[PDB]
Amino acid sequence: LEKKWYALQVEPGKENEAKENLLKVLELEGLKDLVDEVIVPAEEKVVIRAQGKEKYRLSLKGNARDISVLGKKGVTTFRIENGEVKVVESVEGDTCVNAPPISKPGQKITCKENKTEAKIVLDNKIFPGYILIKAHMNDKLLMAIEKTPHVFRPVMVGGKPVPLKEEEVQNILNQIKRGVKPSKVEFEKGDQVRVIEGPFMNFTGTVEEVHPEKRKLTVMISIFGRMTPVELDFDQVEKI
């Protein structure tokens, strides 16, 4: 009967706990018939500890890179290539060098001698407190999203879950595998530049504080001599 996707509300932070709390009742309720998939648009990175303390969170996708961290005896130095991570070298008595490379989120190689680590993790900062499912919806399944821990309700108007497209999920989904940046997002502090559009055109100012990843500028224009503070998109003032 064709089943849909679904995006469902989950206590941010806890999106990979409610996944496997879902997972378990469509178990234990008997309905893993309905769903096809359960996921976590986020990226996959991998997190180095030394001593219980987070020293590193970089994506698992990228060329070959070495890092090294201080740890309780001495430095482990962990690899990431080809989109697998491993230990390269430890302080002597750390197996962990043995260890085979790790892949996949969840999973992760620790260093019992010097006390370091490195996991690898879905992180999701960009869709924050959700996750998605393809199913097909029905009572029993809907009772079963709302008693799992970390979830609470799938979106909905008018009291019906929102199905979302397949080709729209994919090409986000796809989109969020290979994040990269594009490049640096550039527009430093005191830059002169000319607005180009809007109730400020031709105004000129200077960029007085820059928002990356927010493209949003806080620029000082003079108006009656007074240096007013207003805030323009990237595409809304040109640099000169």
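Numbering follows the first chain given and starts at 1. Rigid core here is just the name for the largest C-alpha set that superposes within 1.5 Å across the two forms. Compared with the form deposited in another entry:
- Superposing the rigid core between these two forms leaves a single residue from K140, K160, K125, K72 with a C-alpha shift of at least 2 Å: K72.
- Superposition on the rigid core between these two forms places the CA atom of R194 2 Å or more away from its counterpart.
- Core-superposed comparison between these two forms: the Cα of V151 travels less than 2 Å.
- Core-superposed comparison between these two forms: CA of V185 displaced by 2 Å or more.
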Given for the second form:
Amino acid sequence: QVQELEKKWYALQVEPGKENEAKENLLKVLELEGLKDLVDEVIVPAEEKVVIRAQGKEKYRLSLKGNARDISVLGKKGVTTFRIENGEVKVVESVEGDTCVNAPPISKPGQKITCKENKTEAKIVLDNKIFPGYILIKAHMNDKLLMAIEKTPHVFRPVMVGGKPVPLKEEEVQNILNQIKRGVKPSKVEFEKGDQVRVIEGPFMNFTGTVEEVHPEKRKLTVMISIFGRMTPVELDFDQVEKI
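Output block for the form deposited in another entry, input the form deposited in one PDB entry:
Below you will find a single chain and nothing else.
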């Protein structure tokens, strides 16, 4: 009667910008230290994107998930049109001679289709813009693994509380990963500079104003509100206003 010990999720702080290398380096460490059995997953909490290039020059960096889209780029001899639909990328048309049109659809970080004749390519990659500086692991944490982790190049340490790795909750991990990789990314920003709005929350409730600056990044808006006849810049949250 085999009962397996449950592995838990941990978050590892790593050098920002080096999340991919941190993960590859950790897998090598697990391999050399003979600890693979203690780890079920090493995940980078990043969005998957398709980078489209024409003659070694990036022309597009788009989200892999989303509505079906065709993208045409000029290369060395003509046009290569790529299609991104249902989480995969493939070549729908290229110049005469380009067998890349026969390449199977890709959908995993690291894969890519190269069109030799036109000198164009599409490669799936990880962005690392949501939770930069982190990789997630599902493991059986013990002193040996914690030390191997800390001595892995580009990895600092698991997030810790009271000197112990803090385990995360499987539900939140799954949801956050689901949202990042499967979640819908709105077709456009809710507010554009120039939009007239009304405050519906806070000390400025009922005041109307005009959107000065839009900050999708943080879903914050800078709205000009007349106060005693003075156009006053007020920082509000997307959910603190409504269009009128």
